[PDB]
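Visitor: For reference, the chains in residue letters:
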Amino acid sequence: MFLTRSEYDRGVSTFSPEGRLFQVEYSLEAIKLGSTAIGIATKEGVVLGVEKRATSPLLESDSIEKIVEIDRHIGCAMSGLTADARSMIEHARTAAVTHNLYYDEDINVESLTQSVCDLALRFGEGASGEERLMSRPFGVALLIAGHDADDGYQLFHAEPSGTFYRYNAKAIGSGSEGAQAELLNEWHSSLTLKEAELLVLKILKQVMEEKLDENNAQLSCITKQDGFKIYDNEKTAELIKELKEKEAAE
Amino acid sequence: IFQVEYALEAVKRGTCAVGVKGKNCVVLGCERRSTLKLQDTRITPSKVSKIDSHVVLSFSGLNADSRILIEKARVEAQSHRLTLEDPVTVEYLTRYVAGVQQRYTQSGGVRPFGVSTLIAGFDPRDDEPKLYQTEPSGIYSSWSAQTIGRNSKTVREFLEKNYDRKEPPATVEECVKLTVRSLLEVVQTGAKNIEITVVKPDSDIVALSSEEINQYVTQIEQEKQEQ
Amino acid sequence: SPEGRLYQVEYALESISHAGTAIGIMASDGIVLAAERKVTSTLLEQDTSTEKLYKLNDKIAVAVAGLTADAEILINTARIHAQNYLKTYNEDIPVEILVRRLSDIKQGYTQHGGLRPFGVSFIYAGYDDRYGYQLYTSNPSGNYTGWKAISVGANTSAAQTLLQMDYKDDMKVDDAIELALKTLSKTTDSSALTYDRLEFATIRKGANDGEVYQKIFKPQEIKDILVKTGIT
Amino acid sequence: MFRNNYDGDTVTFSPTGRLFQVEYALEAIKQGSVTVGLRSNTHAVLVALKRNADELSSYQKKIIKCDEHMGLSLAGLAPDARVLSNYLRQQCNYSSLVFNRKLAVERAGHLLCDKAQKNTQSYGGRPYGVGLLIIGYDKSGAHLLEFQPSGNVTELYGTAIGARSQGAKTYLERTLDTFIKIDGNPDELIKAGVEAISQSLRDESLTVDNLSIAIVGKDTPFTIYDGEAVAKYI
Amino acid sequence: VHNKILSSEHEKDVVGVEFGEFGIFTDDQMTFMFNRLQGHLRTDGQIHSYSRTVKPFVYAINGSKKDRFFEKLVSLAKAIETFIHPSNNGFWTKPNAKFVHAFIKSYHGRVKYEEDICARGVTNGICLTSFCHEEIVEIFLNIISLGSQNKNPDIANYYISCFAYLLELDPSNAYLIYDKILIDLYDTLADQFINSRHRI
Amino acid sequence: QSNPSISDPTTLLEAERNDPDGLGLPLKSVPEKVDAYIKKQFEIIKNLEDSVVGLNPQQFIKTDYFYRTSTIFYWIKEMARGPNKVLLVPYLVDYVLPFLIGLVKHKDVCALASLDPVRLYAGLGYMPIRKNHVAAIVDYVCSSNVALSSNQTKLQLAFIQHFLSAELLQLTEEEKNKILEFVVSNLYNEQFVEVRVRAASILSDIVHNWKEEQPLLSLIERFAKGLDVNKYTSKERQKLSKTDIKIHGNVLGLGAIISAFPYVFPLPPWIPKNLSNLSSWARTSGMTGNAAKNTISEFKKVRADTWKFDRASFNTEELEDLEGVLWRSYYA
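Residue numbers (the authors' numbering), protein chains in the order written: chain AJ, 5001 to 5250; chain AI, 4017 to 4243; chain AH, 3014 to 3245; chain AK, 6001 to 6234; chain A5, 439 to 638; chain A6, 1812 to 2143.
No lab work stands behind these hints, which were simulated from the structure alone. A hint or two may mislead.
Unchecked claim - Simulated pairs of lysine to any residue, SDA-like, Cα-Cα distance not exceeding 25 Å:
hint	chain 1	residue 1	chain 2	residue 2
1	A6	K1987	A5	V512
2	AJ	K5235	AJ	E5069
3	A6	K1873	AJ	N5215
Using the sequences and the accompanying hints, generate a full structural model.
Guide: Laid out in structure tokens, this is it:
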């Protein structure tokens, strides 16, 4: 064993000799160390699943809200400090209604996402030019998924750093490095919602190294027609039962 | 930034606090060392704190820290009735309390609270019991029953193996029957150690006294020895 | 705050067990306050200060054990809360409400950890027509507690013991005046107790009716009750 | 080993006369993808190589419109360019409203220099960490500017910033007298901007998703070509 | 045993205590104390006054059967290597320093006691050779050079004071040390370190 | 019952003298009639593996198999603490480590009755092991039955990383190898990408105490044969980088070697020439080309303060070749 250490570790909002901002490079590793969360996009809807991880029969699951509505057409899933994202969501719900008021239309998923990033982009304790009023990078990553009529169904990864990518299917949290390399294998431009409802489970089964039920998984989706609904425990189960069978195929 | 976990420690060390849902009623329970001989008995028996006419709240932690919460809440409880004419819902009172302990970390850089709290009661009109728990982080959870505090783990273990959802303590009387047993495990003398409050549908909150608490302990340890 | 500990607090909570020594005894028909005075020089002007016994309102008073310049900052703002609750509800402020009002400012620093905690620990003696006579305590922890008899400062742990011993619930007021002096027999680093090392106070059932007189003792009145045993 | 005592913040001059915190930022440029810029007497072109995350993700946009006469490309820290590209968008739109005057390119140069400079006087804030190639057609011809986070904005015929910037910076250096004479041809000046950005690739292959191009000048307002629109140049 | 073997009376009733590879120690006895000392400097920091803790290792060297021991010392320096680096301070930076000094005091200690005896005619092949002094410098030179730049000036004065002890052995290596030290110094007087206080 | 109180001092020292390790007797040795009891409690729990033939976390905490198992665990936790360690060792190889890794026996069952197995199994890497016990333990890990477990693999792999740190300098170059040939057989295991990486991060702990230059330079070669040159033309690297495991390993491995020499104060010329072989690959987006960017940023970082100088041993304008390398979402 042995110890590697740079002299510019630690440094808060100051550049390493490379141009790296280690305070924020680390902000980004702690997504890899929270609850699992997975999003997949079809041409027939978008699916978001997470890991519940109930720690008792008492604690009635469902106070475990790791997937929440934003407007009827935009949902997001979160991995990490669920408590630290209360404010991040308030701002997104507030921005989406505010847009609906000022303009009489549902707000573009691309721009709803960018607005949330523009919020965690106010990290600091000393800014001249424009003021960024807050204290620390926002300690939570987001999968934001919804539908507008310009650019079909969409999936987005909002990072604490204030930037984002639009993945066609993404995984974040404890299993991500592995779940991600599995989605990268099993995703095609022609999935059906039924097919992806299930692939999200198969990949939660894998990177949880366990057998799963409605006490440890929550499924949700967002269709053009029905909006953004979160599957109640019954539906999540005969979706699970439906995999126990599909994989007993060969 | 780690100071959160440290505060969560003070939780541990403090007056032990419990709570228990029922078929249609709810109960809390908690406190500390009888009386140091010479202390005034009749002027701080403020174990569980009334928030509205239908909502109560106990805590494990720094007693001097709770008060700042039991107020900011007792207030938003009115400032909701006032700007929306509608008593606060037990989830909302809870989400507001927890949401405050949360904002006592991530801005300005100030210290977080040395309390976990339990929050019980019935929403307005609706007669479905509600029980929640908060902690210095900003996390709120709903429980069929729970405890937080000192030797709280002994109790959470007891309860898990004594409560079942299939059949919740329906009787008003018997729902307390249980909450007592579960603190006798961790106390340090008995009835003289921890007391209880009881809220039933529609703003009917009736806290229990010393004499009703010993028509219980001394009707428990009767059935006990019978082997 | 490592193990669940309030460090900057214990710092000042034990800085208290250094300065001063104060006592409160609640009788059935009165209340009693008392304190020892800091290391005195021959030339310090005894009668003026009233340095560790302050009046808050005509019906409430506190004994101090802590840094003087620090308690004055508190007391100044508590004498005001009293009067705001008058001008507002035209009733005299209830003791618990005043105590809590302070305890809440103490705990204000015990958390907005950008300014330094309070020296000072209080015994409050007050009467309000809701809860008879009252005796309260105020460490910079933020906590307050009810007391039939109490003490703060140096030699604290010691007096609490003699007190526990000679106290009876049926106690009169004069009986409790003694118990207070008597048990500053022990808890005195100065061998032999004088009228000038002292400051005293009473809240009795009035010198006349069914009401409430308040009385911070003048030096002579002390050397008079000291006469009952202490020194003669 | 060799510690540094004068690289703590921006309010601190190294003994040899050096603001280390700025030299470090000037390096964040090279931590992002390569982009190229060049101009004739009648047009200005930009070529950027959008970089992706997975095979499964979109590509980072590297060109942003500023007004109908001016645009820029970024290499480096994204948010820092979102912040600066926005400020530019404002002054442009203020010179339009108050004076009904397209905001000079030579002047947005002067205005960004001063904006970035502010972040190197102040204790607490870090410098800007991105480079910008800015293009436009103003009342005075075609134009190209290089914006380093130090404040130094410099006007050029062509340059390149970022990851392996050096491959193109050396092509353009040799092509000089050839491309600045590509007047009245638009398709041909982009053919050049792309044959230059491709000196800075290894065995790497431009596609419809890799390539991002923008152009402006005389009678062409700033337009951006991503996706299939870029195919004709591959 | 070492003291007694030399010059005086090689006995005390028994020269029936053989030296060899690893002092008076088994192969496994030596092996154990090495991984225990490594345990101390890398994991559990459990040592006090080190002069005492180092003895066994110094007085297990055999001038004519080193090799197998120096093999064990080198891998102990290659382990310890990273923990001396100026920007890896921790619970260990004391133990590694107070040891790398205690060991080179307690080695030079021995050498200057033997060279006092080969001023009495008695070489003994147990004695430390010119080639031990060589492989000692090979080992602790990057180690000593890293420690001396350490952020704590006391923890540095330990690694820096080892140069004097090594040079007294007048090893063939002597130049390697004078070479570093003189560049480091001439650079400093030419202000090539002006950005870094400690190097100067 | 573990105090060894013997008859004579003489009878005693003759037992210590005749021990396998040039060292001594296990101080405190659990007496047979008890070694029997304990062995029973472990093999009574193996009898009941049918008891949870298929139940769930809720119908688990209620079975007898759990109750036993929980008690045994709490016992192990309290043996590994304090003066009882020398008592606990003989049981690891056959009993305590096969157990504990009762964890694919359900991850979520542990979260419930809060038990941290991961933290104990691995915290048993350090401890009072004796010359002969090392043997059987290295043989238990590096198991040819290994292939048995699944992401409890990144567990045995972390137990090794700790053993090594507490049995380094005490491992016979034989053992020091049985380990390294296991670690390396994991940079390649089809299926789990999770572990190919935890393996490489560990292979460096080895190659740090490995200064002898022919064990070393003979790895470097073993790895850089699966990549070197433009074995394949551009279009292909893209395809391979995303799927081929034999090449993920080769680049993870060659990556660890370079990250095992953090500060060689003047830089070894095998590092430039072998980052160069690694740079044409960190230019490919995929799964290996990713963990090859790790290796070049990890490096460019720790070399930071010695860089004023390291620049000069990079004639190769493959200085340029190292500029991409680190990319996160906030860079463009």
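Visitor: Give a verdict on every hint.
Guide: A quick look at each hint next to the structure:
Only pairs whose Cα atoms come within 25 Å are accepted, and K1987 (chain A6) paired with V512 (chain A5) is accepted, the gap being roughly 16 Å. Taking the CA atoms of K5235 (chain AJ) and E5069 (chain AJ), the gap is near 18 Å; set against the 25 Å cutoff, the hint holds. About 18 Å separates the Cα atoms of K1873 (chain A6) and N5215 (chain AJ), which keeps this hinted pair within 25 Å; it holds.
Violated hints are absent here; each numbered hint is respected by the structure.
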